Amino acid sequence: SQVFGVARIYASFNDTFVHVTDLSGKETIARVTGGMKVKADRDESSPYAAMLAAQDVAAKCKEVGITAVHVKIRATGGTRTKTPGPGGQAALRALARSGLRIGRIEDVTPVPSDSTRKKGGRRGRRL
Amino acid sequence: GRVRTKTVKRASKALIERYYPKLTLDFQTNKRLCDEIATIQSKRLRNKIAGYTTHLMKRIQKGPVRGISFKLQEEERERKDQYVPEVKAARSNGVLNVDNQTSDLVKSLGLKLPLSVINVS
Amino acid sequence: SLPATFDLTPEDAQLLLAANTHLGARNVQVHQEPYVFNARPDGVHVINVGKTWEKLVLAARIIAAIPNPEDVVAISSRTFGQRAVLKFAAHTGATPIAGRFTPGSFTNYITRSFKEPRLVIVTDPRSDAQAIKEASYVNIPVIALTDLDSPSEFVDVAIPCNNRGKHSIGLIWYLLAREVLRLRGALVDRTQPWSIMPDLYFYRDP
Amino acid sequence: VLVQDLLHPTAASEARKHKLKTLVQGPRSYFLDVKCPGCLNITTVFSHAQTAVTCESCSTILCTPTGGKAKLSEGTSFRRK
Amino acid sequence: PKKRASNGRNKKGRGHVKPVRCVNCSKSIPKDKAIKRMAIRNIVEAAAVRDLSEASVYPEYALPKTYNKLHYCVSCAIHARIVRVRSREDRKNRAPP
Amino acid sequence: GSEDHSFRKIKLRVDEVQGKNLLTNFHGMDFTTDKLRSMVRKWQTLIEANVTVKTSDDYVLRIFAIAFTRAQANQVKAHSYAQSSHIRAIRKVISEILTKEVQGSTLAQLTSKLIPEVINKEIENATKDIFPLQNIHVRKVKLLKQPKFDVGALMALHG
RNA sequence: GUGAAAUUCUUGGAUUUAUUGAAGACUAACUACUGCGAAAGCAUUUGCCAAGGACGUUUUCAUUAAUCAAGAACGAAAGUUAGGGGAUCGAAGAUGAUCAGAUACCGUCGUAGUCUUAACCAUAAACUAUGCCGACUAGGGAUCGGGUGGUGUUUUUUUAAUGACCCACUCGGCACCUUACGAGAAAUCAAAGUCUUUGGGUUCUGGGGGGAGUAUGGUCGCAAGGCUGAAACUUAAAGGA
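Protein chains in written order, with this note's numbering: chain A, 1 to 127; chain B, 1001 to 1121; chain C, 2001 to 2206; chain D, 3001 to 3081; chain E, 4001 to 4097; chain F, 5001 to 5159.
No wet-lab data here; the hints were simulated from the structure.
Hints should not be assumed to be uniformly reliable.
[Stated by the list, open to error] Okay, the calculated beta carbon distance ranges per label pair:
| # | chain 1 | residue 1 | chain 2 | residue 2 | range |
| --- | --- | --- | --- | --- | --- |
| 1 | F | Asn5135 | D | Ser3047 | 41 to 47 Å |
| 2 | B | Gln1073 | C | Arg2040 | 56 to 62 Å |
| 3 | D | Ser3047 | C | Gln2032 | 27 to 33 Å |
| 4 | F | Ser5085 | E | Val4083 | 37 to 43 Å |
| 5 | A | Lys39 | F | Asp5030 | 55 to 61 Å |
| 6 | D | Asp3033 | C | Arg2040 | 44 to 50 Å |
| 7 | F | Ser5112 | A | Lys118 | 40 to 46 Å |
| 8 | E | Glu4045 | A | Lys118 | 27 to 33 Å |
| 9 | F | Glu5003 | A | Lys118 | 22 to 28 Å |
[Said to hold, decoys possible] Once the Cα atoms are required to be at most 30 Å apart in a straight line, the calculated DSSO-like pairs of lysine-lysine come out as:
| # | chain 1 | residue 1 | chain 2 | residue 2 |
| --- | --- | --- | --- | --- |
| 10 | F | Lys5009 | F | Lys5054 |
| 11 | C | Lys2051 | D | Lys3017 |
| 12 | E | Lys4065 | F | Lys5054 |
| 13 | E | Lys4002 | A | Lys119 |
| 14 | F | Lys5142 | A | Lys26 |
| 15 | B | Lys1048 | B | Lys1006 |
| 16 | F | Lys5009 | E | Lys4018 |
| 17 | A | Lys118 | A | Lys72 |
In this text, a Cβ means the ideal position worked out from N, Cα and C, and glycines have one as well.
Please take these sequences and the hints and turn them into a complete structure.
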């Protein structure tokens, strides 16, 4: 006896997203970016913005009757890092703190099979 | 600290060799004695030699302490030395065990084997 | 030196079938040993099962080379051993050296338990790696007690057994000696038994 | 070793050492008189085929060529020589 | 000085190699020299895992991993104290600890 | 319901409504990710698959059979590698073993050869008579050229 | 995205995820005091193609060989000429950063080039900064390739068979340790040893520091440029350990 919205988190760097949808996700619901819960504008990726941010995800999920939740983590990804930033950790523990249930966890970080030539230039990024 | 010194140790460690027998732990009976023996400078120095010594006879008894032996510990090693009796004589399993590949050289070498051995991992 | 019975008598297939010494090893047959009877289709090397009475009892005249057996030792540093090599040191000649070997003890005039031998020996040539080297030096013959496993360069003869646990490490020197003694010493010449057990010989405490 | 007769060493050390060093060189390959079962015939085959030879004519097959030594079929006595 | 009987790295019979880009330097740099490491950790962490197998709807699931390799310039390898400076002799080692 | 497939997800798509109960047709298959990137190690051969295919239900499907070498139980060396020509022979095997369990066909009839991982078996027993192998997936599986609706060819998948 | 930043993407829902696709690029870990090539240089797999080293050899020919001014193949990359390719990096150019300035370092994009066919150029710290042939000195323990011997280790299948293995030996490597009898300015060197007890064979090079590998001529190249290579003038040190 429960329903399941899908998470749809992500934290590079300098920002992070708690972003609920349906389990299909052609529709969406309460999306929360970092800067939003911090106007320093400095630390937009903070172990905290995420923290008070996730709690928006169970305010506007424990609003439109999302009991419970399955949960996705994405890096940048791409070319980039594939080393999850702060975010995703603090979220993954604040989301458990907000009554929410949890189910099926897994990365999605977009991996390439090579090719797109990475930025910087040969001799590199450098201070 | 409280950390001992050469002049001191190496004065008790020389002493402890001869005088284990007069030898004690009431250290106030060594203190006196430790003048009749060494030809010491001072009173302070002298009270720090015997302090150390009593740190030897209080642990010697407890057991074998290190790089120091005085004709009394070395005669309990010709007394503790020796042992197992009987020496090795198998009856009980007689035949003495002889890998079963242990028959070729010694069929090509002697006189009497009372042997034990692995008919074939 | 063909004799008479040193020859197998009425019991040399009965007593090592409860102890395993024909056995070899897992997926391992080391180019460096005639010292593997075939090799079966289900598991495992059935060590050749007639030639350890060939280079564990060369191994007994070579000495017979001691005028004074405490030089005739037993080399080690294991657990199941410290109760057969300590012990080869008791019932005849030898300083036991199990546990501390005493590194140098054969390199180099500067140590403790002092060595200057002429045929030492060596349980595990994986535990005893310095009669192959403390010999590839200067003038100290050696003898490894050469499982399917013993770099053979410079321990010039073979001494095969089996050590994957259990007994036969200690309970095998026993045979170096018995039969070294029946050249020279004091025991007795088919049989009038031999007053220990191969089931004194095992542990002392786990 | 400070020394050794290299004339004649062991028989051992040759069997293993490479064909072209036993001192005087000599081959390993050698021939092998085959009764296919049907006929009595006896064809003189070589240990390293390169050719499968047919047996005599029965048209049979015998021995496939591989890296070095044929793999001979089932029937074949293959007495060596 | 020569420094380094290889040279730096891993290349022989082999003449020239397909290079890699650094996660960090973001430099380029052949797959010899490189200096590769698997972190692998539990997405979860120690502190929380208790609030996870707690509030899950799973009577346990398990705890799925997080795979990845990691490429480094040698510069950023020392700046970030992955590789150090091993005296001269403790070089010609090659042990994890 | 089970926990042995604990990994691996099903992509379903809604074909049509009713009542409020949207029915469904199979979309495709996925592994978790992770478990793919795990099963791979350093130190050993990696292989790969594929083959497209006209089922007959007339669906066009591409499948992926990843598969490793395993060592031997009893194998000095640190490894477990392949030779190469043996791998050439390894991939070709796989091709047939999959067209064959795809003609012998349908999505519905196909589906319950993916759930109980029976193709996985069929690989190992044509392969052993080569090489050892482990892990052997299908990893994926994706649609292309699925034909026209046929409401109940699907409403026959329910009751 | 960072040392910390900001430029940058963000209902036109990025970053994440799933799976499939497309394209050109590379050949991970294995991968080492190890492989082969004249050097440059070469790692996914298999098939042709011809080449070659080392051994082994009671085959052969019989002094044919050593180094080489002239001359003639190859020559990293960059760069050029015209087509193809144009993922990624990424001088140049633009940028936001930092900074007293910052035309640089840091970040994001980015032609050209990286890749290939066909043709040029011929330089490099092309590095063991050590010409090759040879011949002789002093110990070792490893390894790659062969070959020889051990009723050698497993494989077990019935014994063999091979094969992996062990060890014994050797010839040829690619190195390493240790001594110093020797050599050296020394640091160090089994070759930089056998040199004032001065000489086995021969080809290149240098004779203080700069001026300067420039100016000139002469020449190869389409160009970049190479090879050749002054002097006047100036100067008591420049340098090695």
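Taking the hints in turn, this is what the structure says about them:
{"no.": "1", "hint": "F:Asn5135 / D:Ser3047: 41 to 47 Å", "result": "holds (43 Å)"}
{"no.": "2", "hint": "B:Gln1073 / C:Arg2040: 56 to 62 Å", "result": "holds (59 Å)"}
{"no.": "3", "hint": "D:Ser3047 / C:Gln2032: 27 to 33 Å", "result": "holds (30 Å)"}
{"no.": "4", "hint": "F:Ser5085 / E:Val4083: 37 to 43 Å", "result": "holds (40 Å)"}
{"no.": "5", "hint": "A:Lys39 / F:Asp5030: 55 to 61 Å", "result": "violated (40 Å)"}
{"no.": "6", "hint": "D:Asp3033 / C:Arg2040: 44 to 50 Å", "result": "violated (34 Å)"}
{"no.": "7", "hint": "F:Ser5112 / A:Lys118: 40 to 46 Å", "result": "holds (44 Å)"}
{"no.": "8", "hint": "E:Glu4045 / A:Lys118: 27 to 33 Å", "result": "holds (29 Å)"}
{"no.": "9", "hint": "F:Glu5003 / A:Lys118: 22 to 28 Å", "result": "violated (40 Å)"}
{"no.": "10", "hint": "F:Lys5009 / F:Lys5054", "result": "holds (24 Å)"}
{"no.": "11", "hint": "C:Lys2051 / D:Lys3017", "result": "holds (24 Å)"}
{"no.": "12", "hint": "E:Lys4065 / F:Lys5054", "result": "violated (37 Å)"}
{"no.": "13", "hint": "E:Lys4002 / A:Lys119", "result": "violated (34 Å)"}
{"no.": "14", "hint": "F:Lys5142 / A:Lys26", "result": "holds (20 Å)"}
{"no.": "15", "hint": "B:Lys1048 / B:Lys1006", "result": "holds (11 Å)"}
{"no.": "16", "hint": "F:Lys5009 / E:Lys4018", "result": "violated (36 Å)"}
{"no.": "17", "hint": "A:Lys118 / A:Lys72", "result": "holds (25 Å)"}
Hint compliance for this structure: hints 5, 6, 9, 12, 13 and 16 are not met, and every other hint is.
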